[PDB]
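Just one protein chain is left out here, and the rest sit where they should.
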Amino acid sequence: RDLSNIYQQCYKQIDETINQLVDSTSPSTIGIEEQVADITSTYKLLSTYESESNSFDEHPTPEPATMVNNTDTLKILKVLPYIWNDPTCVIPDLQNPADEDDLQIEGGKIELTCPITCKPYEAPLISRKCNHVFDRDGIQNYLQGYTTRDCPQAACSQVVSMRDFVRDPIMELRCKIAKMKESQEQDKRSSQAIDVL
Amino acid sequence: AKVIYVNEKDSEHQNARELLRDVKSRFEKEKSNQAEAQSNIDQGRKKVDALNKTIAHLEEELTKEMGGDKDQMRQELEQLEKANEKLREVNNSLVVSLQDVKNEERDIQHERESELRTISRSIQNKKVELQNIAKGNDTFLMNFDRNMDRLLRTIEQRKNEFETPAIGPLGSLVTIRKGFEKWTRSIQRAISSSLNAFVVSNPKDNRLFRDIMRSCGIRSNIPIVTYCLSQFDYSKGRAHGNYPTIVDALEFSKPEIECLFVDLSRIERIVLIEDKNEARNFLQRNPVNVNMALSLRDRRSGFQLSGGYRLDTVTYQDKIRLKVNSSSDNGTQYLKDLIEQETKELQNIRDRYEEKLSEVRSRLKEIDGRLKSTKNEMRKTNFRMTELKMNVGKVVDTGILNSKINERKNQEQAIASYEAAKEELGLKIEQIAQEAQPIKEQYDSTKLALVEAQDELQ
Partner (left out) sequence: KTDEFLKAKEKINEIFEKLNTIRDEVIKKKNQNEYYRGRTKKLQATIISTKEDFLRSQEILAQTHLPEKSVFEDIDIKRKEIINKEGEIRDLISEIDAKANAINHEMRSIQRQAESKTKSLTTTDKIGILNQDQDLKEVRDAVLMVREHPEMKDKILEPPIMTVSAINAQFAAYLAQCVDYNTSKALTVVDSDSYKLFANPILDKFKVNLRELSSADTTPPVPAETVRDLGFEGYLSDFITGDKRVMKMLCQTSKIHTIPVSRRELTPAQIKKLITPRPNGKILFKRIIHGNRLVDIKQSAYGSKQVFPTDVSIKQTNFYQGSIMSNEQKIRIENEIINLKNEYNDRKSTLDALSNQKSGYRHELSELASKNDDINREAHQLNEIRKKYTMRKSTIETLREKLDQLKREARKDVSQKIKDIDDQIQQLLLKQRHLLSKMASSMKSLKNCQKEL
C-alpha cells in the first residue's frame, strides 16, 4: 500500500516555479541572493524528504539515509547571481563549484554569438567534457555522429565518445536580462534627449 | 502488452496548456485594447467639450457689437434712402407752398398799393379843386373839364364874338335854386352837354367855335349848344314831375331860358325819388310827362332809373357843375367832415387784406418748422447709416480668435474615427472570445482525463 508519485509531481511543481523565476526579475531588482538561498532551502529540503520517503521503499524510527546531494540537476540554481553581474560571464559548472576559473573566463571570447556564423545561440546543446556547442547548424553534417576524432575545431584536447549534445538551459538566460538592461539605457537616453524640448 | 504503456499520455497536458495560454492571452490582450479605445475616446471627447463653446462665448462679446444684425444693418440703406427722397419731396412741397403764398402776398400787395392811395386821392381831389388857385393843378372850373378854366376865362373877353351873342355858357344863365343841396350830388352824371357849351346862330356854324383854343393852353375841343335868349313855343306840353324838377329847382339870371329844358333830350325829366324802390312807385305812369329819376343806395351812392322800373347804377361823386349861390364853398362842413369820415376806407380795405395775409403767413410757420425737422432728420439718418462705415469699416477681427476653431472642429472627426474603430473592436473581442472559451473545453477534458491507478493485476 503506497502513494509515491505525488511527490515527483511536487518536484515538477517546484521545478516549474524555478522556470517561472528564472526570467521574471524586473530591471529594478537589486540582488537576488536571498531569493537564491530560499529556493536552495526549499529544493534541498524536498531532496531530504525524498530520502525520508524512500526509507520505507526497502520495506517508526528507520535507518539513517546518509545520501548527499551530488546530482546534476542541482546546477539549475548555482549560476543566477553571475548572470545578474554582467554579460561577460561564462558559468556552466559541471566540474568547478565556482566560476569558470573560479572568478574569470580567460578562455577565448567565444560568446553568446556563434564562433563563425556569428549569431546568438538559439538552439544549443553542450557536451559534458568539451563544452562544444552547436545548434545543429551548418556544422550539422560534416562527419556528424563519428566520435573518434576531428570534432569541428582544430587541435582539441581529447578523443570523444558518442553522446551527441545534451541539455543546458543557461544559454539564453544571460542574454535575456543583459539585452533588457542594455536596451533600457538606450530607451531612457533617446527619451530624455527630446522629452520636453 | 499493457505493461506501462500510456504513462506518456500526459503529453496531452502540454498541448492543452499551450492552447489555454494562447486563447487566454488573445482574449485578455484584445479586451485591454478595447478598454484602451474606450478610455481614449472618452478622455478626448471630455477634452474637447471642455472648450467647445468657451471660444464661441468669449468671441461673442465684441462680436455681438457687430452681431447677427448684419442683414438689417446692411439693408438699412434702403429705408434710409426712402426717407431721404420723401423728405426732399415733402420739403419741395413746403417750399412750393411758401413761395406761392409769398406770390399771393405780393399780388395782394400790388392790389392795395395800386388802389387805396389812388382812389382816396381821386375822391379827395374835390377839395383841392375847391380851394386851389394856381395854373395847371385842379381848379373850380374843371367841373366840365380840367383846363375848362382857361377857355371860360378867355371867353370872359370873347363872350359875344360869333354869329350870334353868347353872354353865358348857360351855367350862369341857369343855376340850381337856393337850398337844393341834396338834389345836386349827381348833376354831372345827370346832365352832360347843355351846361358845357356855347350858343351860335344856326347850323351853318358847326365849324365855327371849335378852334380858338390857341390862347392859353386849353386841353380839349368843347361842345356847342345853342338856344336863343328868349321863350319859345308854349303850344306844347310843359312837364312837371312829382318833386321839384329841373324846372322848379332852378335859379335864373336870364329867366327866359326856361323853354329849352323841355326841348332837351329828356335829361331835364329827372326827379330824385329817395330810395331805389321808392322810384319804383309811380314813374311807371310817368306823371305829367317825366321819364328819368334818381334813387338812393346809401347816403353816398345810388341808382339811375327810367320808365318806372328801369334801373342802372353809376358813379356818384361830389362834383358841382354850375355857378351857384349854393356854391362848392357852401357845403364845406360836409366836404370836410364826410371826407375825414370816409378816408377810413384807406385803412379798412388795407386791414381786410393783411388779416388774411397774416393768417396765411402764420400758417407758413408750421411748414417752416417741419422743414427744419426734416433737415435735422437728414443728419439723424446720416449718423444712423454711419453704422455701415462702423461695422463694414471695422474689419472682422475675430480671426485671431477663430484660429483655435479648426482643431476644436477636427478633434470631433478624430473622435468619430476612434468610435468607428471601437464599434468594430468591441465585437472583434467577442468573436475572439467565441474562438477561445469553447476551446477551453478541450483543456478541461485533457485535465480531466489524467486519472488511472497502479495495481497488481494481470
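In this document, chain identifiers A and B correspond to the written order of the chains, with residue numbering beginning at 1 in each.
Just so it is clear, contacts are C-beta pairs under 8 Å (C-beta built on N, C-alpha and C of every residue); 3 or more make two chains touch, one makes a residue touch a chain.
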Touch with the missing chain holds, among B:72, B:315 or B:362, for B:315
With respect to the chain omitted from the figure, which of B:166, B:262, B:283 or B:436 is a touching residue? B:262
So one chain is hidden, and I want to know which residue out of B:11, B:362 or B:406 touches that hidden chain in the complete assembly. B:406
Option touching the unshown chain, where B:14, B:52 or B:103 are the choices: B:103
On chain A, where is the contact patch with the chain that was removed from view? 3, 6, 9-10, 13-14, 16-17, 20-21, 24-26, 28, 35, 38-39, 42, 45-46, 49, 52-53, 56, 60, 187, 190-191, 194-197
Given the full complex, what residues of chain B touch the hidden partner chain? 21, 25, 28-29, 32, 88, 91-92, 95-96, 99-100, 103, 114-115, 119, 189, 192-193, 197, 200, 203, 205-207, 220-221, 223-227, 233, 236-237, 262-263, 265, 297, 301, 303-304, 309-315, 349, 378-379, 382, 386, 389, 393-395, 397, 399-400, 402-404, 406-407
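Going forward, only the chains that are shown with their structure count from here on.
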Taking each chain's centre as the mean of its CA atoms, how far is chain A from chain B in angstrom? 125
